[PDB]
Every structure is written in C-alpha cells, then in structure tokens.
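**Student:** Listed below, chain by chain, are the residues.
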Amino acid sequence: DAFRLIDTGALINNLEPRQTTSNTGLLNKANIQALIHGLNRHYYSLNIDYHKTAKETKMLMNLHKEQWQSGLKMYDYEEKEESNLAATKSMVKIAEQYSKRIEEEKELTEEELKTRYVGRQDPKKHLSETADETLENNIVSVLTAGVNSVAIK
Amino acid sequence: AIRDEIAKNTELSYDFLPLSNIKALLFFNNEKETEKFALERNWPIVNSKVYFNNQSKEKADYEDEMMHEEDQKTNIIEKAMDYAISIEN
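Listed in order, the protein sequences are those of chains V and T.
If you read the first sequence in the entry's author numbering, its first letter stands for residue 154, the second for the next number, and so on.
If you read the second sequence in the entry's author numbering, its first letter stands for residue 184, the second for the next number, and so on.
Take the hints with a grain of salt, since some may be wrong.
Unchecked claim - Pulled a few chain V residues facing chain T out of the computed Cβ check, cut under 10 Å:
no., residue
1, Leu288
2, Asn291
3, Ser294
4, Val295
5, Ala298
6, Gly299
7, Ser302
8, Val303
I should point out that these hints are in silico values taken from the structure, not numbers from a laboratory.
Quick reminder that beta carbons are idealized off the backbone N, C-alpha and C, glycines included.
Build the full structure now, drawing on both the sequences and the hints.
**Tutor:** Spelled out as structure tokens, the structure:
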C-alpha cells in the first residue's frame, strides 16, 4: 500500500479517477474494510502495479516458477520415490481403504429407481472426494514404473 | 501332408529319439531320404536338430514387429499408461 497526499480535497483540486482502477470501495469493504471510501485523507486512491524486464523474465523462469527443479534432474525423481518407498506401498494401501470406505457410506443412499435412504448430496460427496484419489493412483503408477524404466540396465 | 503335421509337435515334447522312431512313428520308407530333409539347417540327429522341417527356428530378440514386445521398447508398454492422456484431455 502506497500513499499520495491530496492536500485539500474539498472542491476542484484534480481528478484522481483517471489513471487506473479507481472508484473502489464498494459497500463497506475496501482492503482491511475499515477504510471504505475516504481511505486515509481525501481518497488517495491506492493503485499499485508491477513490471518485468527482459532479464527479469528469463531469471524467474529458470529459478522459481512453482518449485525449483533445475540444476539436477534424475535425483528429484529417485529421491521422491526413495523416501516414499515404504510410504508409497503404505499410501497405496492406506488410501485404498479410505477410498472404498467413503464409497461404502454415501453411495448406499441411491440404489433403486425410487427413494430409499433419501440421498441428497451423498452421491456427490464420494464422487468429488474420490475423483483425485483415482487420479493420484495413476500418477504414482507411471512414476514408480518410469523411474526404474528408461535404460539404467 | 501327414509328415508335415506330426513332427511339428515333437519340437517341445520330445527331447531326443533315435532313427527308429523316425521310421516308425512318421512312417518313412527309404533311408537317406531324411538326409535330403537334413541339408540346410544342419541335422546331427544325435539329440535334437529340429526346426528345419515343420516350421522354423526360435530365433531370438523379437522387437518392433506386432503390437507389444519385450526387450528394447518400454514406450508401447508405457503407451498403455499414456493412453489415458488422450482420453482425459
């Protein structure tokens, strides 16, 4: 947050709402929500934007985008699997129970064509929770098979 | 056509056998005519020289022919795991 002194904001001083993104303060919510309209003094009209040059653009892409994987290659694949060796066999088995235990609870509401247990949001609970679980199993299946694959005798 | 049928199975099942079973089981009349069938693929009959007559050798290193293979390519094996890429996207 920056600050710009408006001096006398009574009548005919200058037009702040021109440059970029002005006329904020909808209802009582602005930033911390305690400032609302008047903000600090005579509506200093906070606006801040960033920029990147040609050198700063290639620097961030080669350093930090989401996580830093650069500088070394096959270690990030193996070390993630090696530390998880006892965990992967466990996580596949542990999440195997919790996957069906959710399917064995909310899914039983909708069975026949008519209404029995009066399912409402129950059939949609086990669908969204187990949607990523079936995806994570396919991801670790390729990673576990891919690292040991690709040559290395 | 009969002699081109029986001995196909003798490859895996029968480990060894002398010339007596060749004349009896396969019903061959004249001697040294089997030697004419022994020419190219080298038949020292002593134990098992087969795979000349009755199909062919076992070769080795089968890759890049039909569908899935064993030794060199894991890609088509991985293609089954990569088949879900086009289905999900």
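**Student:** Would the stated hint for V/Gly299 survive a check requiring a Cβ distance to chain T of less than 10 Å?
**Tutor:** holds, 7 Å
**Student:** Just to be careful: measuring from the Cβ of V/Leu288 to every Cβ in chain T, is the smallest value less than 10 Å?
**Tutor:** holds, 9 Å
**Student:** Should the interface hint for V/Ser294 be scored as holding, given a Cβ-Cβ cut-off of 10 Å against chain T?
**Tutor:** holds, 7 Å
**Student:** Grab the minimum C-beta distance from V/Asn291 to chain T and call the hint holds if it beats 10 Å, violated otherwise.
**Tutor:** holds, 6 Å
**Student:** Report holds or violated for the interface hint on V/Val303, using the least CB-CB distance to chain T and a cut-off of 10 Å.
**Tutor:** Where the cut-off is 10 Å and the nearest Cβ of chain T is about 7 Å from V/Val303, the hint holds.
**Student:** Would the stated hint for V/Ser302 survive a check requiring a Cβ distance to chain T of less than 10 Å?
**Tutor:** holds, 5 Å
**Student:** Against chain T, is V/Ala298 within 10 Å by beta-carbon distance?
**Tutor:** Status holds, d = 7 Å.
**Student:** Would the hint on V/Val295 stand, with a C-beta cut-off of 10 Å toward chain T?
**Tutor:** holds, 5 Å
Violated hints for the displayed structure: none, as all numbered hints are satisfied.
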